[PDB]
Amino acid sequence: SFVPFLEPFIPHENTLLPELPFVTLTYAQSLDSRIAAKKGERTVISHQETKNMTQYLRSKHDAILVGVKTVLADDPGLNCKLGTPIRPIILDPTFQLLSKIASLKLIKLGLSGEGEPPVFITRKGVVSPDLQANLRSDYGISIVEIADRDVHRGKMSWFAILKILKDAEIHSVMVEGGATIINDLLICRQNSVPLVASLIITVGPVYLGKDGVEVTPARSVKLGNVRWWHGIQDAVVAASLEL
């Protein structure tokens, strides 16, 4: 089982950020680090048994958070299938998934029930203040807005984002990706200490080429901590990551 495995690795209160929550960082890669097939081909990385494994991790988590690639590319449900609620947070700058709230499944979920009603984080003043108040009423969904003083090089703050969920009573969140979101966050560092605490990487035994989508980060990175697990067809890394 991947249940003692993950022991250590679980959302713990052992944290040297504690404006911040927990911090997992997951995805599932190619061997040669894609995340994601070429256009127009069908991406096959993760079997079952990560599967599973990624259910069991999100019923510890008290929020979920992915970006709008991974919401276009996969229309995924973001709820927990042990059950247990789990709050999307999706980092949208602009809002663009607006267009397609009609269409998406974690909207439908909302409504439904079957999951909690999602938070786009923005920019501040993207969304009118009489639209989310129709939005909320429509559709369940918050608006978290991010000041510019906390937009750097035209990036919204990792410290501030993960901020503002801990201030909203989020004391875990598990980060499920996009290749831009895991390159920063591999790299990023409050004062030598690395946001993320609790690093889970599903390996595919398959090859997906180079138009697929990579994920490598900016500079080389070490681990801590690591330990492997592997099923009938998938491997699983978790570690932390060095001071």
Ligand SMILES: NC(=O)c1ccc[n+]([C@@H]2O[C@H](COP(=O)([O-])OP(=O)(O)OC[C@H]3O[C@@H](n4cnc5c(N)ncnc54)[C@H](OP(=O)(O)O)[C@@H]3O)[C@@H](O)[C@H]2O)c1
Given for the second form:
Protein chains: 2
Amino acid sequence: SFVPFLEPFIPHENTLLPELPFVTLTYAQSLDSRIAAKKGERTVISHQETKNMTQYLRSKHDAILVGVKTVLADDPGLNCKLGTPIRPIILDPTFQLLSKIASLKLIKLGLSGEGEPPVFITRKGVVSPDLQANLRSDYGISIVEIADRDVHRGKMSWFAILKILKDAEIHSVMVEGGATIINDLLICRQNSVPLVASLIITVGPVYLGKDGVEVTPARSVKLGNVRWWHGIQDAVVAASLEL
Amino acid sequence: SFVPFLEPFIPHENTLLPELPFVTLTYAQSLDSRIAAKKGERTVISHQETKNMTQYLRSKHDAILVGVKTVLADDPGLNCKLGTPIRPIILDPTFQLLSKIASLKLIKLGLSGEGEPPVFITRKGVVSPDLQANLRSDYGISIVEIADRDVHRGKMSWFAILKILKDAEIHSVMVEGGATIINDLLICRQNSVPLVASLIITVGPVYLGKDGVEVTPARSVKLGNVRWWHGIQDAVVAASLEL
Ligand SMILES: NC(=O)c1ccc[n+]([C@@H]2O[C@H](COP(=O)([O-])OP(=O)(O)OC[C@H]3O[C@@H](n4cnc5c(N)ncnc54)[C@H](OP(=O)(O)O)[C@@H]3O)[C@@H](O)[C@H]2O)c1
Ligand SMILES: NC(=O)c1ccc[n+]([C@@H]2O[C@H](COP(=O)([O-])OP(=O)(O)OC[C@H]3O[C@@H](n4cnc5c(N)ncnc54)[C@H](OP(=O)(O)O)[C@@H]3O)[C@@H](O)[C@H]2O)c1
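If the structure you just shared is the form solved without the named molecule, then what does the corresponding form deposited with the named molecule bound look like?
Let's see the whole complex now, leading with the same chain.
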């Protein structure tokens, strides 16, 4: 089963970057490395056993992180079907989702207790102190700010994002997407050391085509400690990123 | 390992288009669905375990087909290391390979007996009959022409290409690339019936990045009879295309 397969890759202590959480980067792709169908089309990539595997992986992480455009497109719950607590983290630099905050599934789950209180990562000063206090009371959310010196030409440093999560006592985070975040984290290094600890990819037996949402890093990326698993329809590769 | 895995997918008589050969479309891709590294970078995708699989597949086919730009990039031999004969077919609409004919590995193997006499598929009128006779004597090659009626927008009809191969007693052909040929054949249909009978893909645990040679069809493509194999480093999926 996928349980012994994943055992070397689930979060642990042997980390080269103690200031950061253990980071798992994990997603499901078509054969042509798309992670969503073309606009207006339905996305079917991962089948039931690897969906079970993804929920199992969530049961091993303190937090789950996705980008604002994933929330807008998918309205994900960001909890764990096994029932273990996982903290939802949404990267939303200008807090686009504020105008939608009352209707999001992840907000409803936080209020009902079926999920944990969400955290939104924004630029400094997007939400005033007073408004942060009201949003915490009314919608059960917290705001974490990235310092101006950690944003260059509009892009937040992943080192800075992960350090702030670790300081919020998040010891492990499962980063699921979307493609912008995946492409960036595949190449992110701190003195040649990757910020991602484990890469876990489900490959579904489908082509989504040239107009789907593409994953491909800006340069070639080598993998180490590679192990494969497969079920009936899907395969899974797990690896580290090479130095 | 891979021999019982591939048994349902090696050429067989259960075909819906008896006018055509059994077509296997098969290639090796990176995780981001690239089949060659960016210009000037070394391409390392398939490891020896699946190289052996590709050679096994060649031993089960009458012919092997690649495009002219694959020949220019890779100088492939296009024979079978297991010693069985296989007929090389090169899609070269303008017979650009005349410019390098005496130096091609595939020409050398044909003259040495280690490979079979190659066939180049061109547009009509590209190689004069007098020249065809002299190149048959000098380099042991044949030219096959696609009629003008079977060329649309500059693109040769795959049904027309495959019919001519079938009429030359090629009962099975292994199409290995490159990306243009793969992308086109993934979507090619004759009255809802795919021309490709077996799809066999090696997935290597590497990213080649945004500037590599990409495979992605023009629209989504659904797969059936899916099965997976994996080794130390690579995975392989075998499938048929749905109607
Ligand atoms: N198949 C899978 O496993 C999977 C998993 C997750 C998501 N998806 C799909 O992915 C698609 C969304 O992908 P996407 O690329 O459009 O969106 P995304 O990666 O989820 O979010 C991108 C946004 O997040 C912000 N962002 C990300 N990194 C940042 C950084 N370092 N610094 C500052 N801002 C940053 C930017 O927001 P601003 O634009 O406001 O600056 C950026 O436009 C959806 O269709 C979803 O269904 C698939
Ligand atoms: N990893 C693997 O398994 C694998 C396998 C094979 C190749 N490759 C790599 O793929 C790359 C080559 O890919 P590519 O797309 O550039 O070349 P390609 O597909 O091998 O050949 C393309 C050329 O063939 C012609 N062509 C193909 N289909 C045609 C059609 N229906 N009608 C008329 N002409 C047609 C066009 O030639 P004209 O320009 O003369 O009109 C076209 O430019 C190489 O880098 C190679 O190493 C990888």
